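Working notes, structure below.
Note that one protein chain is taken out, while the other chains of the complex remain in position.
Labels run A and B following the written order; every chain starts at residue 1.
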Amino acid sequence: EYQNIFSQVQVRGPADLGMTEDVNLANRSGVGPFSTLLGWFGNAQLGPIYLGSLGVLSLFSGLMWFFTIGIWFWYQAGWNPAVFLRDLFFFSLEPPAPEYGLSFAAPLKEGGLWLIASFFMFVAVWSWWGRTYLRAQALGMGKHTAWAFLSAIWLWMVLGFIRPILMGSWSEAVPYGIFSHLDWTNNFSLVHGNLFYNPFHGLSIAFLXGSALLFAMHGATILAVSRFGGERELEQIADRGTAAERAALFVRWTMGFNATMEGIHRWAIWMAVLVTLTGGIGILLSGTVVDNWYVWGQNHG
Amino acid sequence: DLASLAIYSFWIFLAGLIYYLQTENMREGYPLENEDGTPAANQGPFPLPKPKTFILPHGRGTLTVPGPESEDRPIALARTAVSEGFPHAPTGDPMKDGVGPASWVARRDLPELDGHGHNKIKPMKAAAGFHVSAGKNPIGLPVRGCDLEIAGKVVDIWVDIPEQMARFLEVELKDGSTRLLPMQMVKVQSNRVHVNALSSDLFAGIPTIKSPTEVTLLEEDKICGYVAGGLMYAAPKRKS
Partner (left out) sequence: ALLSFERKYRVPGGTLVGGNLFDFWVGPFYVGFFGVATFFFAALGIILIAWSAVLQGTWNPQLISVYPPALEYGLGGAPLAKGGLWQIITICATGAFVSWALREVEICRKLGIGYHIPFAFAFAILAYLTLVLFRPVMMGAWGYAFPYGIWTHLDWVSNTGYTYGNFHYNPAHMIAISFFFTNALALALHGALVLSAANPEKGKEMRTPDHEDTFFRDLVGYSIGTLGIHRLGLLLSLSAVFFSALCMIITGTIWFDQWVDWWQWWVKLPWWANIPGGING
């Protein structure tokens, strides 16, 4: 044995143009190169990428968001490259002061540039969500990916859009910066009296560390029974082999309760989406309904 | 208050979620049985799920689970005690009878096909345009059993065409026949290929596939079961 992590030998054939089904063609670019570097881990083929209407709209809106922030970083950096790199972590795009509040009459140098970048981010992410749904339906596939992404959109909409509207201003929200969105996260817990008492914060970790436990254990399983070809996880669903029989038993013999091949993925998708599902609820209620989770813990209501 | 409602109504949603999940992991393997094969008394505290039906692609029928479970192969073991939960010793050669770590499953004696209909695993030289991209090229090297004796030489690489990766080592033994070696079971070395699981006299016992251009699901399991099972039941020889 060799603990099947990397690959000893690399094989390669003609470029894989993928399946068709109802996927509009043409759009797939010419296949990219083959990177041997990645082939030791996973596949070596890059592309072909599909770029549609929402695809271009998304990539365009995202680069607009990327640049609108970076332009501001140069203004602070006196247009000097040396101080750009030095203070790079410290520049920040803060939202309008509370004196404004929802109103879009904030000057550029005092919050107006936030809403510009926020509008690009808002449309680029949802353009990508629409993209993750149309690629699922185009291949006549389940749409499980589009709903899991909605869970991550949930926390993101709560942080920057759902909660600022409920609070009554954008003075809240999140500023675009490296070291500054770290200080924001610190402050949020401080102002609300240790998010640790927030029961949904505590439930978010339990699922954040699910995800660490589950995917550490599941990846180790398939590698442990790769020797029976357990990586081919769909044909084992449609026709159980020993790779799945040994998989169910080791889980049974070690902790009692059992798991199947399709079953363990049902565990997997929820243990992940529950992180941001409970997270968005605990951040949305924070400040809107509960002012201080500590005191809430003292009364339970 | 409102937050107490959200934290309570969610602690209920989770309780129904754990229910739903734990019943979906009952499709295969249930109903539980005693060691003698008859259905057990208590079968867990969770009911069985409403039967779901898969539409197998390429028109290979439909698997519906949870379905009637039968081994479809004779298991050659015997009790070692009079109480439950004790091991069962085999009554023959576990690697030929296929028990313990050398167990296989009676999957369809058909090959897995790609989304286009053709065989997923073809020998390289049947595979148009395929070759070795990087790393050592095991074709040509002598596969040696781990008892430091040599039992054959690699005369091909059985590759996976959709996922482009080597899956088997077509190993030809001294009598001219060829076996298949699970690739996660050999160590491709600079001047040899080294197989931890087996010794020399055991390569000829590896199950033989029928059509020399394709290996089927049932055939794959008797091979990978054999080789993988040889770790425990081999031990006849080999050290370093």
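Throughout what follows, contacts are C-beta pairs under 8 Å (C-beta built on N, C-alpha and C of every residue); 3 or more make two chains touch, one makes a residue touch a chain.
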From B:40, B:48 or B:148, residue that would touch the chain that is not displayed: B:40
Using the touch rule from the top, list residues of chain B that touch the missing partner. 28-35, 37, 40, 54-58, 69, 71, 75, 77, 80-81, 84-90, 94, 98-103, 105, 114-116, 162-163, 165, 228-229, 231-232
Just checking the interface: what residues of chain A touch the absent partner chain? 1, 3-6, 16, 18-19, 21, 23, 28-29, 32, 38, 41-43, 45-50, 76-78, 80, 82-83, 85-87, 89-91, 131-132, 135-145, 147-148, 151-152, 179, 182-183, 185-186, 194, 196, 208, 211-227, 231-234, 237-238, 245-246, 248-250, 252-256, 258, 262, 265-269, 271-273, 275
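As a convention for this text, only the chains that are shown with their structure count from here on.
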Considering only the defined contacts, which chain A positions touch chain B in the complex? 1-2, 4, 7-14, 16, 19, 34, 36, 39-40, 43-45, 199-200, 203, 226-229, 232, 235, 237-245, 248, 257-264, 266-267, 270, 278, 281, 285, 289-290, 296, 300-301
With touch defined as at the start, can you tell me which chain B residues reach chain A in the complex? 1-4, 6-7, 10, 17, 21-22, 24-29, 54, 56, 63, 103-105, 107-108, 112, 115-116, 124, 127-138, 157, 159, 161-167, 182-185, 187-188, 196-197, 217, 220-221, 224-225, 227-228, 231
